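Each remark here refers to the structure printed beneath this line.
A single protein chain has been omitted from the complex, and every remaining protein chain is retained in its original position.
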Amino acid sequence: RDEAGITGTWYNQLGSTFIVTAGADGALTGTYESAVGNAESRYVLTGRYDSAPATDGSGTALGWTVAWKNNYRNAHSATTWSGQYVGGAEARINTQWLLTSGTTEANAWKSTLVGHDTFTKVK
Amino acid sequence: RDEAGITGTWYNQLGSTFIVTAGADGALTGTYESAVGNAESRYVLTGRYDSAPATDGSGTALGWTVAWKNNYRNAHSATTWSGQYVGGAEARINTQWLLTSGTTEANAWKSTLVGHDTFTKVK
Amino acid sequence: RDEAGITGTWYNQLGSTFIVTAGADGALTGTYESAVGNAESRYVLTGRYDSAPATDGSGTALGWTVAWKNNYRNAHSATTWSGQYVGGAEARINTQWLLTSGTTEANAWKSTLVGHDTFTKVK
Partner (left out) sequence: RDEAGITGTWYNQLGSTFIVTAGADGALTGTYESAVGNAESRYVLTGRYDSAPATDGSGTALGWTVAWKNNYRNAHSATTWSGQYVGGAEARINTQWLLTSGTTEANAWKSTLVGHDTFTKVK
């Protein structure tokens, strides 16, 4: 268990800030603030992580969601990040994400962006 | 708001079952049971949805996570689904997902599966 | 070998038309015409397929690319489809695709769409 390793404040290559608490039972709760896009201030996030990972050197699988509505803005979209926590001197969360926008059915083909974010504890 | 449209039991093309409650504030909570893979019985899920969607005919953006640990099994992996709810006689949730396994750093290149699930209220 | 099974005209769920020739050596060459997006008329495609698939009932892995420039339009983008051919009465090509647009480095995070197309020999 990486409850203590995951809990805290993380930053990605875009300058976004992810603040998370890891529960003993697998929960992830916190706030996300994007440095880019149709976003301002903090948004709620929730997710899950493997609270009993393999002990063979593998990372810890996890994921979370942000719906891009808060008191300031509504971007009618949601991002999910799916990835793994890798602990140690230079801890990281390595993720791939899917960002779906609400669309009409005629536009659904162009609804979903894909990308990759790497989070560190410094910067 | 689609709190009432989303809340309930959904089934995908693989025969998996998704049971969700939508909160007024954007939360999604419930259980997932996969018909395939290294899985048995129910697993916790959490996620978020846009609680004030566009009124122009667009769908409602949402996402959720399952970490594949429960009292029965641990598949050292997490799936995130990112998609949209489309209401009406034949309501659907149309998703794309990312399934990340915990790996060593040598294996990280092969850590993540991608696919697509369509959920309906019947079958 | 599925050289004869793959070669010919295919249609997807959007009404796009894919015309391909499969070479003995693994090549795929042809034209694509999209029913959606910043596209008109035919565009060049090239790709590769497994010319000696497994004989255990598995599908035949393949992929191809279209750059969205022709004599009519330039959408400064490219799509790659990665998938498998499944032969038999109701033959199909089942794909997932990635559509990357040229962007500035500030915009690179929003450069790439993801989706899924299923091609059949009728419709």
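Each chain gets a letter, A, B and C, in the order it is written, and its residues are counted from 1.
Convention: contacts are C-beta pairs under 8 Å (C-beta built on N, C-alpha and C of every residue); 3 or more make two chains touch, one makes a residue touch a chain.
Q: So which of C:7, C:17 or C:96 would be touching the chain we can't see?
A: The single option touching the absent chain is C:96.
Q: Specify the residue from the set C:35, C:36 or C:44 that touches the hidden chain.
A: Answering carefully, the residue with contact to the hidden chain is C:44.
Q: Since one chain isn't shown, list which residues of chain B touch it in the complete complex.
A: Those residues of chain B that touch the unshown chain are 14, 36-37, 98, 109-115.
Q: Could you please point out the chain C residues that touch the chain left off the display?
A: Against the missing chain, chain C presents residues 26-28, 44-54, 56-69, 74, 76-84, 86, 94-105, 107-108, 111-112.
Q: Kindly note down the residues of chain A that lie in touch with the hidden chain.
A: Interface with the chain not displayed, on the chain A side: 96, 114-116.
One rule holds in what follows: only the chains that are shown with their structure count from here on.
Q: CA centre of chain B versus CA centre of chain C: separation in Å?
A: Roughly 28 Å, centre to centre.
Q: Using CA atom averages as chain centres, what separation in Å is found between chain A and chain B?
A: 16
Q: Going through chain B residue by residue, note those that touch at least 2 other chains and give them in order.
A: 96
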